[PDB]
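Read the single chain below, which is given as structure tokens and is the form deposited in one PDB entry.
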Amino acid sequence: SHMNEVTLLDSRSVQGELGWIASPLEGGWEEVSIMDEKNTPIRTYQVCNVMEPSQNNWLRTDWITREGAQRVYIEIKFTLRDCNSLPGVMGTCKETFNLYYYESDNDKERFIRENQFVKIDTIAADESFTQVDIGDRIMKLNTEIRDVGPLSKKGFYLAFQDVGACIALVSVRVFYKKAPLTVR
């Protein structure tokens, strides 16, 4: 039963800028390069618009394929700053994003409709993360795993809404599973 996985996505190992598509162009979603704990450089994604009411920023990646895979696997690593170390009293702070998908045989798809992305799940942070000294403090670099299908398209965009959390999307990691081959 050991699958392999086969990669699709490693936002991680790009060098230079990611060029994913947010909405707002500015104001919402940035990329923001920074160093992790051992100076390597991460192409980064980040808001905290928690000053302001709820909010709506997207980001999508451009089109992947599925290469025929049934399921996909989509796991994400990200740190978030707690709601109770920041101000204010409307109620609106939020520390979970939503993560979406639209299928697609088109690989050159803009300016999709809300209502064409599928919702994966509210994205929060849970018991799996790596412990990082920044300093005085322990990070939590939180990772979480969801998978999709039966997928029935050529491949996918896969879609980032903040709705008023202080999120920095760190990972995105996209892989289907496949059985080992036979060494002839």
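Residue numbers count along the first chain shown, from 1. C-alpha atoms forming the largest set that superposes within 1.5 Å between two forms make up the rigid core. What changes on going to the form deposited in another entry:
- Following superposition on the rigid core between these two forms, the residue from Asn56, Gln46, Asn49, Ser128 with a C-alpha displacement of 2 angstroms or more is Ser128, and no other.
- Remark: with the core as the superposition reference, the CA shift of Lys119 between these two forms stays below 2 Å.
- Fitting the two forms on the rigid core leaves the C-alpha of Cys93 displaced by at least 2 angstroms between these two forms.
- Taking the rigid core as fixed, one finds a CA shift for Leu80 smaller than 2 Å between these two forms.
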The other form holds:
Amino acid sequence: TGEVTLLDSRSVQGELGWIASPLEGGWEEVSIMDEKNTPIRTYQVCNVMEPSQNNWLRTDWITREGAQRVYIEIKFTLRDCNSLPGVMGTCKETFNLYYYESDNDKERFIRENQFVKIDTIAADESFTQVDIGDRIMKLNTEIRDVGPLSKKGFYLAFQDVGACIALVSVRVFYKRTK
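I would like to compare: after the form deposited in one PDB entry, may I see the structure of the form deposited in another entry?
Below: the lone chain, stripped of partners and molecules.
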């Protein structure tokens, strides 16, 4: 509770409407009822049987508010691929996190080579059955930071390479008094 939110996907009640490549058949937006019994906006992709996956998801422009070091909290789940029909093999258990600094707050397209890789993020844990009643805290939480940041704001992008994954929330923040 000593950190200022630059973005929280949970705060959006209408839709995130983030840009995605491909726009259909890759990352897709769906609602869920979260841990706090609140409907939120999430992104997911599960093209595990399809080869050569390169599914890009990209946030809207995020202002730094002049903070040169920014933290990125991603809460996500991984459906065990061998729980899906037909899928026999080894599961993709990672995705890649990128960023791109820009003064421009309305970048039109995802230009793949312009994004800089923050890290490959790994699922500590996977699941095979959806939770029906009360939300059990088995989501993965991974935090990374980026900086020093030079420009007015930046974009976060996620690359899926064939996992069965749901980004439950994305939270971007800076620490106010470290």
